[PDB]
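Engineer: Single-letter residue listing:
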Amino acid sequence: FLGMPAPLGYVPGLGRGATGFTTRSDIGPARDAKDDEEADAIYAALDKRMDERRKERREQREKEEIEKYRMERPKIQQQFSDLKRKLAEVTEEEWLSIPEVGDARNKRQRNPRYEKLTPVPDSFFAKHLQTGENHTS
Amino acid sequence: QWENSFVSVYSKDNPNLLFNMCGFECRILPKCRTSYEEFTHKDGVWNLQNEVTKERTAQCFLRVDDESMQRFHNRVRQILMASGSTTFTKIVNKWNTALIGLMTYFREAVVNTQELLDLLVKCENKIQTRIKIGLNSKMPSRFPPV
Amino acid sequence: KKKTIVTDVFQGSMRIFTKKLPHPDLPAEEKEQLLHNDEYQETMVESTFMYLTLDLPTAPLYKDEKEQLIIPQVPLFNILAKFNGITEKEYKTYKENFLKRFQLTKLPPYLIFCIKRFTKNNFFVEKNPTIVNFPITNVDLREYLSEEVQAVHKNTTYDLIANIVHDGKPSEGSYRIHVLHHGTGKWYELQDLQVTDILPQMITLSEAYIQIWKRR
Amino acid sequence: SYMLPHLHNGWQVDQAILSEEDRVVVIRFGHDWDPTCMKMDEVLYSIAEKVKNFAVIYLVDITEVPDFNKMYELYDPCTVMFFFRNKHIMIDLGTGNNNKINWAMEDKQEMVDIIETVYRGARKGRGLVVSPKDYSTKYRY
Amino acid sequence: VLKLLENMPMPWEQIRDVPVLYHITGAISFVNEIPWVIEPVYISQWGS
Amino acid sequence: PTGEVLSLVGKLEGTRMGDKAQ
Amino acid sequence: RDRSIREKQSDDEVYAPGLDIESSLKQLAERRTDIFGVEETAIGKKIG
Amino acid sequence: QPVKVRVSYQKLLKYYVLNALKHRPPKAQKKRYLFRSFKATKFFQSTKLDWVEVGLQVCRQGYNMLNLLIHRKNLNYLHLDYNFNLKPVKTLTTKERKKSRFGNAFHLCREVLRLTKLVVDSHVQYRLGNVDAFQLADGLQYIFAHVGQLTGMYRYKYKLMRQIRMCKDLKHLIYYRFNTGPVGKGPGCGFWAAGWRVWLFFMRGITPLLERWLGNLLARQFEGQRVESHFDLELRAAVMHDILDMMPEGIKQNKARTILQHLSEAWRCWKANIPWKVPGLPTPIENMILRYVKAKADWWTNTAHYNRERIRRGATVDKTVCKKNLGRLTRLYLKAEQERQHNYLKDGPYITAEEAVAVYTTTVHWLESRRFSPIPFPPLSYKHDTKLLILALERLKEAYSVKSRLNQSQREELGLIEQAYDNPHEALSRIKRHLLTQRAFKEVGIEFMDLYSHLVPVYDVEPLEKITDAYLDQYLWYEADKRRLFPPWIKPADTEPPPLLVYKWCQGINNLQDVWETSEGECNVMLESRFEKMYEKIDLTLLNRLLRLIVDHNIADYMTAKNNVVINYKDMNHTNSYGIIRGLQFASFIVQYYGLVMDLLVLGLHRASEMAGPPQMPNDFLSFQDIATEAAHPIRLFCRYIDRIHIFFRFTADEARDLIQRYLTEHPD
Amino acid sequence: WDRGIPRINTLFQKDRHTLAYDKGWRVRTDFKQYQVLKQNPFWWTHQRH
Amino acid sequence: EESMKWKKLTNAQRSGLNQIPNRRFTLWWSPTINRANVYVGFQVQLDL
RNA sequence: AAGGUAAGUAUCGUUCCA
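For the record, the sequence lines run as chains P, D, H, B, Z, L, S, U, V and E. Read left to right, the first sequence gives residues 8 to 40, 96 to 199 (the authors' numbering). One rule links them: number in the authors' numbering = place in the second sequence (from 1) + 1168. One rule links them: number in the authors' numbering = place in the third sequence (from 1) + 339. One rule links them: number in the authors' numbering = place in the fourth sequence (from 1) + 1. One rule links them: number in the authors' numbering = place in the fifth sequence (from 1) + 98. One rule links them: number in the authors' numbering = place in the sixth sequence (from 1) + 35. One rule links them: number in the authors' numbering = place in the seventh sequence (from 1) + 441. Read left to right, the eighth sequence gives residues 439 to 662, 675 to 1119 (the authors' numbering). One rule links them: number in the authors' numbering = place in the ninth sequence (from 1) + 1411. One rule links them: number in the authors' numbering = place in the tenth sequence (from 1) + 1509.
In case anyone wonders, no lab produced these hints; they're calculated from the structure. Please note that the accuracy of each hint is not assured.
Unchecked claim - Cut-off 25 Å, straight-line C-alpha distance, at most; resulting in silico cross-link-like pairs (SDA-like, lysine to any residue):
id, chain 1, residue 1, chain 2, residue 2
1, E, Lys1514, U, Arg855
2, U, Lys837, V, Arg1414
3, H, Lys493, H, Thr476
4, H, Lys493, H, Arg555
5, H, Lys466, U, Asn737
6, P, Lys169, S, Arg447
7, U, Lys469, U, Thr645
8, U, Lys785, U, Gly798
9, H, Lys358, U, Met696
10, U, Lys511, U, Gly500
11, H, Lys431, U, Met696
12, U, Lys954, U, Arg934
13, P, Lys137, S, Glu481
14, P, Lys137, H, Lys359
15, U, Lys796, U, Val807
16, S, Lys486, U, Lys785
Stated by the list, open to error - Across the chosen pairs, the derived CB separations fall in these ranges:
id, chain 1, residue 1, chain 2, residue 2, range
17, B, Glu65, H, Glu429, 31 to 39 Å
18, P, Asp165, H, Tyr433, 40 to 48 Å
19, H, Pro509, U, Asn1023, 26 to 34 Å
20, U, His755, S, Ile484, 23 to 31 Å
21, H, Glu429, U, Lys477, 55 to 63 Å
Note that beta-carbon positions come from the ideal geometry of N, C-alpha and C, so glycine has one too.
Produce the entire structure from the sequences given, and follow the hints as far as they go.
Structural biologist: Shown next, in the form of C-alpha cells:
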C-alpha cells in the first residue's frame, strides 16, 4: 500500500510475474545473463582526461554566456523574490482563513444532459429534388 | 489607408493600367501605344473592343492575385488538418468543391498564373499523400491514378 | 568644467543608501550574520543626476469588479515618494538584489521628470499606460531633503513648463508637446505643426512622459 | 505533475498495479522535471478527475525506481504504460513501438480517448487494443 | 580504423613496418604513428 | 509512371479551355 | 441525501496530499535550476 | 572537355571555396594525446609490426565487435559474415525481424569496417602474389572512388553523398588528365591518393560519433513544440513552490490544492476578462497571484501572436495548435473590443455634429434630387407578404439544406421555420409586432472562423429573431429595387456576377472617348482602395438618422436597436454600442445604404447626379447619356464593392499639374 | 440550353415566380460568411438565380 | 452503423465509427493497393 | 534505422544460475 517501505526480500520487479519486451536490439543494456571496478575506473579516468582538451575553456565560456542571457531573460524565482519575501508577514490564522474557490456556472452548463443528435427531417430530401424539376413552357 | 490601397497611373511614361477588381488582377495595355502583331494563343488575355468603332484597341491580361492563391492554399490546409477521422470520400469531396469554387470563378486567369498552377498541383499531391498515408503508414513507391 | 550652462540648470545632487545580498536563498541566520558583518549596509553613494526618473505602478491586471477596464490614476506625490528615506526600491540585477533608498540634497533650478513608460518584459517590450494626476502650478518637495540641507533652499515649489505625451505602441509612436508660454498661461499642443491653446485639465488627463519644472 | 500521486520504490508501483482490478493503471515513467514529461504530466492532471471511474494515474521517477528500466525499456525521456488486472495492455499506435506512448502530447481529449479505448478492450479480455487515431504522422501540413 | 587507413602502405613501399599499440587482450590494435612525409618528396614520388 | 501529379506549367502549348468541352 | 454522501465517504482521493505536493515541488526545484535556486546548472543536475 | 567533367570542376571548386570561406581558427587546447595515455595505461603494449598484419588483425577485431553487438540480445537469427554483410540465417518472421534491428550508427560502423576490410584484403591479394602492384593500385583507386557502389553506407548517412560525389568528381579530374594522348580508356589508373584522403577526413569527422554511440551501447549502464510547454508549467510551478515554501509547515499544508485552484481561477478570470477579487485573500497572496497572472498573460499574448505569425507566414503547424491559437486570438480580440466599446461609451460619439450635419444634408439633398419616396412599413394587407416570408424561410433553411445530423438548437430552428411555413399569417403578425414594438433583444453569440490570414467573425442570432430579421431583409431589398434606391455604381453584388463585373468594368474603361491617348500630355489614374474599418466605425445614432430618410422611423429604430446587443463568447460578454454586426440578416442592406452614405462624399452631389443620370431615365453601369458629361469631370468611372472603392479619373495635363501643385503645397518633397 | 450567364434553363425553373421577388440575393450570399461557420466556395453566385 | 449514428455514443466509439467507409474502400481496391509493384518490401501471409 | 512484433496456452530439449 502507499506510504510503506519495500519488503527486504521482495524482487524489485517481475515479482508479479511481469514479462519484459525487446522492441529493438540497440535499446536497453546487454542481457548479461575488484579488478573489474579498477578497469572501469581506469577507462572512465582516461575518458575524463580526454575531455580536458577544452573542458576548462568551454565550461567557463558557457558560464559567461548564460550570464549574458540572465540579464535580458531573468529567472522566474527571483522575479518573484520580493513577493516571496513579502509572504513572510502573513499570520498563521490567515493561511487557515483562505477560501476554497468554486465554479460559477450552473448545473445546466457544467454538466449538460447528453444532447440527442437526430437526423434531418426527410422533407429536405423531397424539397431538394423538387427544386430540381423544371417546367416545359 | 494608403498602404492598403493601390494607385495605378497611365501616362506618356506608363503604358499599363493595373488593378485587382474582384480578385482578378488585370493589366490593361492599349494596342495603339505599345503592341505589335496581336495574337490569341494565350487563353487568359481578354481582347477588348471599341464599341463605337468595332476595333481591337486594348488588351486585358488576367491574373489571379496573391490573396486568392493564399486563401485557396489555406482552404486546402484546413481541409487537410481537419482530417482526424473524416473519410477519404469526405476529404476529396471538400477538395473538389474548393477546386471548382475558384476554377469556375477564376477561369482564364488560371492559365496565366503559373504559380497558381504549381500551388494547385502541390495541393492535389498533398491530398493524395494524405489519403495514401491514411491507407498505410509507409508511402508506396508507385500508386495508380485509377 | 564640472559646472557648465546646462549642469547648473538640470543637474542635482542625490544621495543613495544601498544594501546588497538580501537574497532569499540565504537562510535567516546567515542573513542576520551578514547584516551583522557590517560589510553589507547602507553606503555613501552621493552623485549627480541630469533628470529624476519616475517609476510607475504596473497595472490592475483585472477589470474593476464594478467598472470594468478602469483607467489607473495615481497621484504624483505617490511617485515622488520614492525620493525619501521612507521608501526603498529593490533594483534587482543578476544574482543578488540591491535595495536602494534615494534622497535629494540639491534641487536644481529646473527639475526634469522622466517617466519610465516603455519597459521590456521577459519576452517583449510593452508600455505602462498608467495616468498620473499631477498639478502644474503648486507642488512642495521639502519632505524629500534632509533638514541639514533644507535650510539652504527657500524655494522648493515648482511649476510645470513642458510636457511630453506619447501615442500608441513603441514601434508606432507620435510625440506631442505641451508648452507653457511664460508671461501668459496659454498651454499649447504641438505635434508636428499643431497649435492649440489647451486648458490646464487636458494636461492632467493625458499620460505624461517627460516633465519640465521651474523652482522660481 | 506534482499534483498526481508519486511512487518512491519498486514495491509501490507493483502494488499499485496489483491493488486495482476494475480500472486501468496509467503510469507515467520518466522525470517530472523533463520538459517532455512536464508537457504531458499536466494533460494527465487535467483529466485525472474525469477518468476517476475507469483510470488511476501514478507517477514514477525511474531514477528513484531503477527497477523497470531494463525490462520495459525506460530510455526515452517520457513513457506511458497501461496496466489492467496485473496485465500490461499493449496498444497499437501509428508508431512502431506498440507497448508505450513515448512522446508527450497536447490535447486533453485524445488521452481520455486512448484510456477509454484501453479500458474497453481490457474488459473484453484482449492484450492488444487499437487506438482510434493514427500516429504515423503528425497531421501538421 | 583511421590510424591504419592514414598509414596505409605506399605504392613504392613493399613492406610498411609501423609501431602498433595493442590491448593486452588483443581486443584492439592501433597504428601508433602519423605518416609524416617530406611533402616535396611526396609530390615528386607521385609525379613518378 | 509514378502517381505523383505533374504541374501542367509548360504543358499548355497546344490546348485551350473550351476545347473538348462543347 | 444518504447516498451521495456515502459515495464521497467511500471515494478515494485522486491528487496527492498537500505535503506530497510540497515534497514533489522541492524535488523538482532540486533539478530545474533554470528556474529555482541561485546557482544555475544542467536541467537534470542537482547543483553546480 | 565534356560536360560531365566540367560540372566536376565546378563541383570541386564549390567545395574548395566553401571550405575556404567557412574556415575558422583552431580553438586553443591543452594537448591531451590519446595513444600516449594508452601507453601510460598498464593495459596496452607497443610493438613493431607489418601493416598488412595490422589490417588482418583489425579486421578480426572489428568482426568480433560486430558479432558481439549482434549477439548482445542473444538473437541467433542475425549472422555477420567475414565481409561485414549482416544476413539472416533463416527467413525472418516479422516479430523477430522487428526485434532484430539496428540504428544507423551500427550500419555505418559495419560499412566503414567493410571499407577497411576491402582495403586490407586488396593489400593481402598484393602480398600473396594474386595481383600486381599496378593491379593493387588500380583496385585501391576503384575502392576509394566507388565506395557507394561497393558499400551501401550512404543509405545510413545521407551526407556521405557529398564525399561520394566528391570522389567521383576527383576521378573525372584525374582520368581526363590520365587518359591523354595514346593512353586510351581502360582500368589502368591507380592514382588513388587523390580520393584516398577524402574518406580519412570523413573518418576524423565520424570518429567521435561512433566512439560515443558504441560507448553508450557497450556499457554496463545504458542511457537514451516545447516552448508553449515551457512558460506555463515552469511559471506555475515556481509560483506554487514559493507560496507553499513560505506557507507555515503546520497541518494547514492541506491547503495546497486550494492555492492551485485560486491560481487557476485567477488565470481563468483574466482570460474571461471578468473582475476577480477574492474578499478574504491576504494582500501578499493577492499581490503574488496578480503578478503570476500578469506574467502568464504576457507570455500568453506573445505566444498567441507568434503562433499566428507562424501560421500566416505558411509554417507547418498542428490542428490542435490551430484550435488553441484561434481560441487565444478570439479572447484577445474580444478584450480589445471591450476596450474599444468602453472607450466609445465614455468618450461619446467620435463623429462631430458638424461632419454629421454635412453628411446628413448631403444625403437628404441626394434623395430629394432622386425624387425617392420613403420605403413604407410592411402593411397588414400586402400582396407579396407571404412571398417575402417564403423567400426568407427558404434562405434560413439553406444553411441546413445540406445536413445529416442536427443539434438541439438546430432542431428547434427547423421547427420554427416549418411552423412559420404552416401558419404564415400568425408568423407575419408576430413579425410585424416585433418590427413595431420590440427593442430589447437576447444576446447573440460570437465565434471566429480562421482563414489563417485573418479571422472572420461568425454571429449566431436567436432562432425566432432570425426569421424576423430575414423577412425584414427581403422586404428591404425588394422595396429598394422597386424604387431605385441604390444607384448603378453601387454593385458589390448586382445581377452581374463578379467576373462579368470585371469584364464590364474593363470594357467601360476601354470604351471612353480618348482613354488611350496621350499626345497632349493627359493621363489616366485609377484608385483601388477600401474603406478601412468601415463596419466598426458606424455610429448607431447617426446610422438611425440616415436610415429614417429611406424607411419609416420604426423599422430604422428596430435596425439600430438590433445592432446594439450583447455579444457573448464562451465565457465573456460585451455590449456592442459602436460597431455594426455583420452577422445580422439585414446587415448587408445597412452596409450598402451606408456605402451610399460615403461614396457621394467621394463623388459629390453633382457627379453622383451624372452617373446615376436623371431619375426619369436612370443609366446602366458605367454609361453617360452624353459625351460632354464624361468630359466634364476628372472622375469618369466609379464602382463600389462591399468595402472596395474603385475610381477611374482622366486628368488633362493642366488639371494634373494643378492637382500635383496643390498636393506639393501641403506636402514638400 | 446551358448557355448564357443567367442560364437559359433558369427560365424553366419551378420557382421562377418567387425568384422574381428575390432581390439583392448576391449581396446576402456574399455576407453569408458572417452567419454560417464554414466558408462557401460558391459565394459569388447562387445556383437558383 | 446508421443506427449507431444516432445512439448515445462516447466520442471514442464515434471516432472509430466514422472510418467504417474507409474500410470498405480499402477492400474494394485491395487487389491494387495490396500489390508487389507498389508498397515495395517483404510480404507476410495471414495466419489462417 | 526505420516507422512491418497478433497476443496466448500446451509440452520436450538445453543452459546458466539459487
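Engineer: Determine which of the earlier numbered hints do not hold for this structure and return their numbers in increasing order.
Structural biologist: Going through the list in order, the structure violates hints 2 and 16 and respects the others.
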